[PDB]
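Position chain B with the ligands against the provided structure of chain A, taking the given hints into account.
Residues per chain are reported as follows:
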Amino acid sequence: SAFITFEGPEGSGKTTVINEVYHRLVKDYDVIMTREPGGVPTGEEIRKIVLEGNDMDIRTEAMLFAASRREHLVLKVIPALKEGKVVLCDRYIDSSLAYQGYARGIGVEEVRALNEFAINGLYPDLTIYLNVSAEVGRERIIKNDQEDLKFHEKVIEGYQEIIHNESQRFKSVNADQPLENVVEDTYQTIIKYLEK
Amino acid sequence: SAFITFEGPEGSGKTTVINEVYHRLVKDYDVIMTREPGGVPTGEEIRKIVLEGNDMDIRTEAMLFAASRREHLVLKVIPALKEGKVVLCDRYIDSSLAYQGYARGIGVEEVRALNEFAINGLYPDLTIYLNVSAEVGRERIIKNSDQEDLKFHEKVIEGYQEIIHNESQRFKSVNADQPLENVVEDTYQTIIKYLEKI
Ligand SMILES: Cc1cn([C@H]2CCCN(Cc3ccc(C(=O)O)c(Oc4cccc(Cl)c4)c3F)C2)c(=O)[nH]c1=O
Ligand SMILES: Cc1cn([C@H]2CCCN(Cc3ccc(C(=O)O)c(Oc4cccc(Cl)c4)c3F)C2)c(=O)[nH]c1=O
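So the sequences go chain by chain: A and B.
Counting with PDB author numbering, you get residues 2 to 145, 153 to 204 for the letters of the first sequence.
Counting with PDB author numbering, you get residues 2 to 146, 153 to 205 for the letters of the second sequence.
Only chain A is shown next, with the shape it has when bound in the complex:
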C-alpha cells in the first residue's frame, strides 16, 4: 500500500495532475483519489462550519482543518491502506503548514505541533510538490486582486520553507512546464517510488 499526498498553491495544475495520474496508476494498482473531508460525516460537518464561518479566528480554523484531517485519515485513508490501496490524497499536513502556518502568520512550527497531534505519526510515504512559480500559477488561475496575489506568493514562500527543511518524502515536480510534462514527471516519480 502507499499514502501519496499532493501539494502546491492554486494554479499548480494539481486537479489535472491527480486525475491523469490516477487514470495511469489504475492499470497496475488498486488506487483511490481523495481529498479532506472526502465524504466522512463528521469531517463534512466541520467543512460546513469552515465554509459558513465569517471572520473566523485563524487558530480555530487551523484546528478545524486538523480535525477534518484526522476524521478523513481514520475513516477513509487508513481503511484504504489496510486494503492494500494506493491512496492519492489532494492536500494534507503541508497545506496547513503553508496556508495556516506561513501565509496566515500563525507560525509553521505551531501549526506543525497541531497537525502532528492530528496525524499521530501518519506522515505520507510520498508527497508530490507541484512547484509552480507565482506567475505561471497566477496565469492558470485566470484560465481556470492585490490581497489575493500577495496571499498566493506567501503560500508559495511557505511551501519553499517546508520543502527546504524536509526533503525525504518530498519530491518536487517542475509545474511551470505544460501539464502533459507535469503529469509525466509526476507519474514517473510515483512509479519509481512504488516499484522500489
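Among the clues, some could well be false.
[Unchecked claim] Using C-beta positions, here's what the derived DEER-type ranges look like:
#1 A:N55 / B:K28: 34 to 44 angstroms
#2 A:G40 / B:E161: 30 to 40 angstroms
#3 B:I79 / A:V27: 45 to 55 angstroms
#4 B:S146 / A:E155: 50 to 60 angstroms
#5 A:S2 / B:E84: 51 to 61 angstroms
#6 B:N55 / A:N121: 14 to 24 angstroms
#7 A:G40 / B:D153: 34 to 44 angstroms
#8 B:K28 / A:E45: 44 to 54 angstroms
#9 A:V27 / B:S146: 53 to 63 angstroms
[As the list claims (entries may be wrong)] Chain A side only, calculated, beta carbon under 8 angstroms to chain B, not exhaustive:
#10 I50
#11 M57
#12 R60
#13 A67
#14 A68
#15 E72
#16 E111
#17 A114
#18 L115
#19 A119
Note that these hints are calculated values from the structure, not bench results.
All residues carry an ideal CB built from backbone N, CA and C; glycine is no exception.
Below, chain B with the ligands without anything else, positioned relative to chain A:
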C-alpha cells in the same frame, strides 16, 4: 481583572459551588461566570458535532474541545478581561488534560500541546480544583442524578491528581468531601484572598 477556572470530576458538586460562589462575588466584584461553548455560535456548532459523534476518535474529540475553547476564549473571556472583569469559567484546559489526556489515554502532554495552540498563552490566573474522593464522588452521582463508569471516574480523578502534582502553583485544591455549604465557603474565601492580593 482575573481569570479563574473551576475543575473537578462529576460528583464534586462543581456546578453547585461555582453558581453559589458567583452569586456571592457579584456583591463585591465586576464578575461574569461562563462555560464552553457559552453561546458563541461556532462553539455551539462544534458542541453539536461532539454530541452527535458515534464512537468518535478521541483525538478528533480533543481537537473539537480545543476549537470550542478558542472561540469561547476569543469572543467571551478575553473581551471581559480587557474590560477589567473577574471571569469565572466552569471547566477549561485541565478538563481536556484530565479527560482526553489522562482518562482517555491520549497523554496529558500531548493534549497540553494541542491546548497551548488553542489558548495561546492564556492560562488561568487561578484554578480551583474541587478535590472529591472517588468514594464520595461515586455516592454524590447516585444522589444528584456501572463498572465502566466507576473506572473512568477514578481515572479522571487520578488524572487531575497528576496535573496538580506537576503544576501546584496555579491550583488551589478545595476539600470537596465536606458538605456543599463548606465547599462553597472554602472556595469563596480562597478566591477573595487571591482577588484582594491583586
Ligand atoms: C486542506 C487545507 C486546505 N486549505 C486551503 C487550500 C486552498 C483552498 N482553501 C479554501 C477552501 C476552498 C474550498 C473548500 C471546500 O472544500 O469547498 C474549503 O473548505 C475546506 C477544505 C478542506 C477542509 C475543510 Cl474542513 C474545509 C476551503 F477552505 C483551503 C488550507 O488553508 N488548509 C488546509 O489544511
Ligand atoms: C470542557 C471539557 C469537558 N469535558 C467533559 C467534562 C465532563 C462532561 N463531559 C460530557 C459532556 C457533557 C455535557 C456537554 C454539553 O455541553 O451538553 C458536553 O458537550 C460539550 C461540552 C463542552 C464543550 C463542547 Cl465542544 C461540548 C459534554 F461533552 C465532557 C471533556 O471531556 N473535555 C473538555 O475539554
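Results of checking the hints against the structure:
1. A:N55 / B:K28: 34 to 44 angstroms: Holds: the Cβ-Cβ distance is about 39 angstroms, inside 34 to 44 angstroms.
2. A:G40 / B:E161: 30 to 40 angstroms: Given about 39 angstroms between the Cβ atoms, the range holds.
3. B:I79 / A:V27: 45 to 55 angstroms: At 51 angstroms between Cβs, range holds.
4. B:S146 / A:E155: 50 to 60 angstroms: 53 angstroms, holds
5. A:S2 / B:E84: 51 to 61 angstroms: Given about 55 angstroms between the Cβ atoms, the range holds.
6. B:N55 / A:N121: 14 to 24 angstroms: Cβ of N55 of chain B to Cβ of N121 of chain A: about 20 angstroms, so the range 14 to 24 angstroms holds.
7. A:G40 / B:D153: 34 to 44 angstroms: 36 angstroms, holds
8. B:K28 / A:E45: 44 to 54 angstroms: 48 angstroms, holds
9. A:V27 / B:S146: 53 to 63 angstroms: For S146 of chain B against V27 of chain A, whose Cβ atoms are near 56 angstroms apart, the range 53 to 63 angstroms holds.
10. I50: Since the shortest Cβ distance to chain B is 5 angstroms, the answer is holds.
11. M57: 7 angstroms, holds
12. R60: 5 angstroms, holds
13. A67: 6 angstroms, holds
14. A68: 4 angstroms, holds
15. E72: Because about 6 angstroms separates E72 of chain A from the closest Cβ in chain B, which is inside the 8 angstroms limit, the hint holds.
16. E111: Holds, because the Cβ-Cβ distance from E111 of chain A to chain B comes to roughly 6 angstroms (cut-off 8 angstroms).
17. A114: 5 angstroms, holds
18. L115: Hint holds; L115 of chain A Cβ to chain B Cβ min 5 angstroms, cut 8 angstroms.
19. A119: 7 angstroms, holds
Checked against the numbered hints above, the structure violates none of them.
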